[PDB]
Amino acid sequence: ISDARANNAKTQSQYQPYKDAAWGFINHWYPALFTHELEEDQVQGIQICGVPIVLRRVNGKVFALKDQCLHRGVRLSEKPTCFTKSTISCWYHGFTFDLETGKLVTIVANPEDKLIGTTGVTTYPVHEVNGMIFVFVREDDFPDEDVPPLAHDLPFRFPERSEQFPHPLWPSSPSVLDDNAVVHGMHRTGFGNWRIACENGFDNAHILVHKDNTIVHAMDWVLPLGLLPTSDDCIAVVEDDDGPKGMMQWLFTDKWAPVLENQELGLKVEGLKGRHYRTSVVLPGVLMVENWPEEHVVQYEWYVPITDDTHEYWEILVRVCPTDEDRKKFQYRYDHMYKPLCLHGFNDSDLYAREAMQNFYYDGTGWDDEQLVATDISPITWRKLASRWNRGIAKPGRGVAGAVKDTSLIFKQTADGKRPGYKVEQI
């Protein structure tokens, strides 16, 4: 371990909370499911920050409660059982909860029990917009009054912030919150801790991972070895009360210079063909790549913690489509261009790169022994702001799936060929 590494003792002491958040930052908004994954009267169970959550759509509205019956702890989502439009019941002994408040309103075959009405399950705020269902995953005692607006946990919006973050080389990126904004993408389980997966996206030295991607050569791009920071303010940290807490990297300005050569090895690039884009990241860990893969289109990624060693990776492309025809154009270009070359292919390289780094950090070794360099100003800056502004550190799961990693149940599922997952299997 060299003394020339950027993550020295003082620097590391600045992001201890981050090192302690293996299970994720709780009391934040996270994408839960795509609208198409939850139809009218459909019930679905998931897990975020170690918290089991069940969702149901009733009369067009989505509700979210803890997927844990308070009687004997089974998941309510394994066998969806709802007798009324305003409740969800446990299929085992009939404990029935109010969708709106989560209160135990009754017990199917024991309507007069003294336990009724004296307790209930945790509820989770839901915000569905333009094809996506977001859920505010919170601790049991986080007050309703303190729940912030979804926007506070989403990337910086444009043109709203075009003056704060000038972007003369490309038109404004749309937000999932914008009217007529259309979302195309997917989410799948990533194997490894969410933090390590999150840090890859805005790292300007990992470009090497994409050197051989097909889209790179199909688009005749002659990529740069990487990007180097040239000044101390190459990244802007934003932490105002009203708004997202995160950072913006001044890519395509002189604060970040592209590298073309290496005299040792003897490498040197002389074809400056490429794309104009910009990355930023905000709590709870949302990446935004402006002007990617093309103008008017933007890519967003989430690394939702499920347990301390799995996460649900989201990858979407957004574009505002005012007319029925605009939607068809975007759907078409996604289907025959974006999805096969960008989401699959370009990003697949990121997928395995993240996994390859997990072993170094899981038992704690990497958080101490990693030897960061100049380009690592990016993850380091992120860790510090995340440590300062997170709304809570999730506690390890207890008495839920994922609390114990080597149960006979898990070996059974594994024997049957099932990998660690996210969506609860039913029946």
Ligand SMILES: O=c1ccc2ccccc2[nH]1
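Basically, rigid core = biggest C-alpha set you can superpose within 1.5 Å across the two forms. Numbering follows the first chain given and starts at 1. Compared with the form deposited with quinolin-2(1H)-one bound:
Only 260, out of 116, 341, 260, 151, shows a C-alpha shift of 2 Å or more between these two forms on alignment of the rigid core. For residue 71, the Cα coordinates differ by under 2 angstroms between these two forms after the core has been superposed. Relative to the superposed core, residue 273 undergoes a C-alpha shift of no less than 2 Å between these two forms.
Moving from the form deposited without quinolin-2(1H)-one to the form deposited with quinolin-2(1H)-one bound:
Single chain only below; no partners, no other molecules.
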């Protein structure tokens, strides 16, 4: 281990809370499911930050409660059982909970038990918008009064912040919160800790991983070998009370110099199609790639912690489409261009890159022995701000799926060919 590495002792001491957040940052908004994954009267179980959650849509509205019956701890989502529009029951011994408050309102065949009304399961705020269902995953005692607006946990918005983050080379990127904003994308389970997956996206030295991607050569893009920071303010850290907590990288300004060649190794980025974009990341770990893959379109990614060694990777493209005609155009371009060449192809390379790095960090070795360099100003800056502004460090799961990694149940599922997942299998 060399003394020339950027992550010296002083630096590492500045992001200890981050090193301690293997299970994720709790008391934050996270995408749970796409709207199309939860239809009227549909019940679905998931897990975020080690917390089991069950969702149900009733009369168009989505509710989220802890997917754990307080009687004997079974998941309520395994065999959806709802007798009324305002409740959800446990299919085992009948404990029934209020969808709105989570209170134990009754027990199917024991309506007079003294336990009734004296407790309940945790509820989770829901915010559904433009095809996406967001859930505020919180600790059992986090007060309702303290739940912040979804926007505080989403990337910086434009044109609102165009003055703060000038972007003369491209039109303003839309937000999932914008009217008529349309979302196209997917989410799949990633194998490995969320942090390692998250740091990949806004790292300007990692773009080497895409040197051979088909889209790069089909579009004849000008994708440099990497970018280099030229000043100490190459990244702007934002931490104002009202608004997202994160950072903006001044890409395509002199603060980040592109490297298009290395004669010594025989490398040279040949391409004439200019490709302008800009990355930023905000808690709980949301990436925004402005002007990607084309003008008026933006890419957002999430790395939702499921357990301490699995995460749900979200990848979406957003574009404001005011007319039916605009939507069809976007849908078409997504189907025959973006999805196959970008979300798949371009980003698939990131999938394996993130995985390949997991073994170094899981047992703690990497958090101490990694030897960072100049370009690592990005992940380091993120780790420090995340350590400073997270709303809580999730505790390890106890008495829930994932609390123990080598159960006979997990070996049974694995034997059957089922990989670690996210959405609870029913029946």
